[PDB]
Amino acid sequence: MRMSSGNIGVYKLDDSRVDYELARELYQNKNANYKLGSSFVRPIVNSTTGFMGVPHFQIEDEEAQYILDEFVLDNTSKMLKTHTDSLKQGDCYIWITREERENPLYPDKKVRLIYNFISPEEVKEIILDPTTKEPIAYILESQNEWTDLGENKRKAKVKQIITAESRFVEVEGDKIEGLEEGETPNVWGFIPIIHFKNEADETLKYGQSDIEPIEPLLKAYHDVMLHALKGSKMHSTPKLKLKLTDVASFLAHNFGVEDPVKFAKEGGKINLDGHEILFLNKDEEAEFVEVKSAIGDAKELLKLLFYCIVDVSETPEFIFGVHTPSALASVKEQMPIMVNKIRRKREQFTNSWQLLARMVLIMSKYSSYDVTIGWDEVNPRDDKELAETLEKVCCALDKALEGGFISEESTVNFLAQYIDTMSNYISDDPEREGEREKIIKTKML
Amino acid sequence: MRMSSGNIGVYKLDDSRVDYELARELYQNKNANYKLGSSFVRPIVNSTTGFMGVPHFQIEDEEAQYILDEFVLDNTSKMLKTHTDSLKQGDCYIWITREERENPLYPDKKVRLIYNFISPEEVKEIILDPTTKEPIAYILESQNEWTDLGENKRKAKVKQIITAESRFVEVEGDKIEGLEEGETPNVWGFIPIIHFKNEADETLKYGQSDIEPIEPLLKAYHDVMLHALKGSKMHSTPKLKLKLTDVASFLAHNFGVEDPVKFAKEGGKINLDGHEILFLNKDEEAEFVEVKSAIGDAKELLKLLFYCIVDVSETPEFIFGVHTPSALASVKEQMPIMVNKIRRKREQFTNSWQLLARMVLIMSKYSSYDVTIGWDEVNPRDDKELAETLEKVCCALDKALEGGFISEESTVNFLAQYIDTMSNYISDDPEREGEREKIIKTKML
Amino acid sequence: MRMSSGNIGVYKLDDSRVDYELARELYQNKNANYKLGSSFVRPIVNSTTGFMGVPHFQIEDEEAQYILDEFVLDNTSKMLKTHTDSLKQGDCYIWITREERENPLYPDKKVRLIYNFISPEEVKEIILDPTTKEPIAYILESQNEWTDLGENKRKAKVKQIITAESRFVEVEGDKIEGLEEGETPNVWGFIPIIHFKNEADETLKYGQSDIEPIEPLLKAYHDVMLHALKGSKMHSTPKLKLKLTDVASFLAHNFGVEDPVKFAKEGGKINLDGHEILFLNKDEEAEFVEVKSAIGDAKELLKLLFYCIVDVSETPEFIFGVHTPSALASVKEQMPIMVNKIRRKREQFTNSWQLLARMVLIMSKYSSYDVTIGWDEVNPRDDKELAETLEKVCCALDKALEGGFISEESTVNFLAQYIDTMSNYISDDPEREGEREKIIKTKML
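Chains as they are written, first to last, in my numbering: chain A, 35 to 479; chain B, 35 to 479; chain C, 35 to 479.
Partial chain C-side listing against chain B, Cβ under 10 Å, derived:
#: 1; residue: 358
#: 2; residue: 382
#: 3; residue: 396
Source of the hints: derived by calculation from the structure; they are not laboratory data. In this text, a Cβ means the ideal position worked out from N, Cα and C, and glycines have one as well.
Chain A on its own, in the form it takes in the complex:
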């Protein structure tokens, strides 16, 4: 809708948050006000996060590439879980910490970088530079209830400030052995936390969940389904109606109910086997009071709400093929829509992955720190087709000999692409198999 040039309020950044507990309950189908309606949350979020896969850190420096190779080999699962958490809860925070912890379970790796998650409820507040809107302090706070290895219950409320200059931690309650209260300087001059933000908007300080667009539709679906279920429970089973000359004597004789008022008060149930035969007087009548449909048009409304949910989430129909069996027959025909959705979705996180890879490289001399992110194939290419186009390129070259060296450049680049695309396995996240094969090849030769 339009408005005049004037008559508009002053811009202000919105610092509202996603209510992460409700988002997790909806995802896990736990919230009693959405139980029948929140069935759609899991397929949407999980299909979106599974098809988008995990990033592929590409950097021209070989040492930086080795560092990122080791990092992805250690943390591909957590990298996928980051996408899942960002899509579900709106915000996900990743804390990179370097530990020199010696323990006999890790004799190979003396020093490690840990891919720690900060739960979005731990982040009490984010202090932003007003100009650049980049963080200058993270306020983390949590309640730690833990039993000691003896018999003592322990409780400790720990809060901490993480800033570029230093990090400060203070705790009230039982002492934590692994924490040192007070300020401690930051080994690097940047905050080691990466803020992954789903559906990042310039006007919002925090991200938005994929559940938020569908949440009113989920509530409406739950309401319609619950009303339908209650109505069917009340009215689907027909009610036998007996118009009798004397009700009380009929009850006393047939069912032994000498006191029908007391019987109704105590919740007594008349027992029936289903094979009864009715003997009645001339005047007495028996009929079934029955509904044509206890649900009526609720099914159409649920269908319309399902259509609205599918529209909002932009999920391809094969993800919900049980509702629409047509989609199940042409999934490869549906794949362009999924590819478009994943193309749009991957750009939200790729800058955060650039930041994460840059921080990992800095935390461990290199000639470059900018990292380009590849991704898993949403619509995988057959190896046979790739080899076919390779053969076509090769036979097309070695002819029209005035081409020059660009033929060599094109074919060597194509082989570089081909090896990477062939080695990466379709049904496995990340390129860990590529690194494994390369390392085994280098060692065994």
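Use these hints to put chains B and C onto chain A, whose structure you have.
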């Protein structure tokens, strides 16, 4: 749903558990409150477990690879059962123990590593390091009722603390020969227990079952089915209605029921053959009191609940194609959805398998310990197609001769992939056939 | 459902059993309370058993391989029967015994190993080591009623205690000709009994049948079908209704029933031919009292219960193609689901088969005892396709000559696989044809 920046409680870790008894009863279809509804639990969990297969331990060191080869050859079945238990009960605990005991059933194996399951109810409490959340003690407790090899019944309530420094065990009852009470030092400086955690969440101490998202839907499905069955039992069979001048005389003459009150009180049943003929005087009337539908709209509600269950579990429709025969015609078309789901599910456990392999290597010098996890083919590739693309690669090479030395690297890597993918059998979990073929080839040559 | 960290009872091993008599009656369709419903037990169990086939014992030691070859040649039928018994009854026990008894029917075999079945009801109790939960004594007991070769009936209650050190047997009643009472030491220091356990669970001492998940659904199906049959018998045939001026006079004149009360009491039947014609007064009326449907919605309920049974058992729909004719058109499209089910199921028994083969080798020096279990093809590969990929591999090699010496290692392994896969016949369980072809080839040359 949105909320203000403030007005949020302090973060606290959730230590709730999955109620493993109910999960097993629902899986086995035993719980009386879910019998008609819990039919869906088995296909979901078992399809997800069968299609995700078992891990393939890959490590560059040949001795470590041999150790892991022997381990998988021994314990592939238990590795699959680990996935089944994690998906069903939410939590599964694997205890690795080294046994030097000699018995004549195993003369080949002087020393063995045992893949022991700790039932999730045995784990009374897990003591976590508050900072890293690394487990520092496991509180195992169980009630051991066992018959003696003689005639005596025996009973003992065994509890034990498993810690990195040592393990402490105490018993309350009939003393057990195989257990030594008191502290005994731990040969390795880590707790040799792997906590497999289905649907691991940062905010939860324990895992989540795949039954939890569908559980309210299973309960609703059971309620609808049971109400439908009871209504059909009571009302599906039409009730013959006789409007008579004198009911008691009719009963006394036709059926010999000269005391209808006593007859109804004692539960007497009038006997009919089905070929009756009704002779009535002019005033009397006979009619069937009949329902148009004793079930009404319960079938539509069950269809909707089935759709919701399929959505929540994200099961591909061909798993439940008896409901929807359309899916059964295009299973290969629907396989990519299963591939996506199995990718996402496999990423949950792979870190635990890396930990397990690392512990196994440590519990039995090696230049590397970072094991990498391969997996079974969700949608297998045909061997002929792999050979065709290999032929295409081979013919593409040896032409455009400025490609360089990387052609040999690419082709030898493809051969290494090809032999591995061919030797592994589709219809058999794990790569045990690969190891056995390699060993037989090495011995017989 | 969720629960608190506390508020849970102590873990205890469940020693309940499967009620094997009821399981066999359900399989054989004998139990009176399941006759109409237990039709589904046979196709489920028998399809699962037939498709899973029998193990293939593979060991690199040629002498051990020969021993296992002879064993499977003798006992493949009993190996399949073991799977059938385990799936049906939950438990199945195999007792390996070595017999030196000479008889003229076996002049070729001085010494034999017998594959005996212990019926699961014979096993009165299993004494388990409390720590390892391995058996240390089997309590077998049975009532032996047998006729003497003369005219005498004989009865004897024989119980025995099979332990690792010795087996003790004591018998009441008539003297058994072939049994010696009292203790006798074991020639080997292990109990030669293999406990095959279908759906083995860590919390259950004994196995559990595939009938247990479906049993309540079978009962519900039987109840619905029986109620439908009784209702149809009572009410399907319409009841002719005559509204007469004088009923008794009509009966006496037409059907000669001078005493209708005595006629009804004695169960007399009025005889009709079907071609009657009714002559009536003005006031008299005749009408058919008829039901619109004596079954009502029981057909929908039986369909829903059939769907639930198919879901629980996870059987592919082509096993029940008579219900769903769609499945009959695309069995080869359905076969991946069967392959998945059999993949999951085979892991339950493969460890037991490894134990059995280990015992057989020990009960008859060898350099290895670990046996790898192959299996029949659930979805067989065409020989022509295998040969096609063979020639593709062969032509792919011998080119790009820098591949090295691993080409021979790959192709010899491929030929070893090809010979085994070709010789094994699809429509015959086990590899007995393979062993016999090998033996005939070696003998005739």
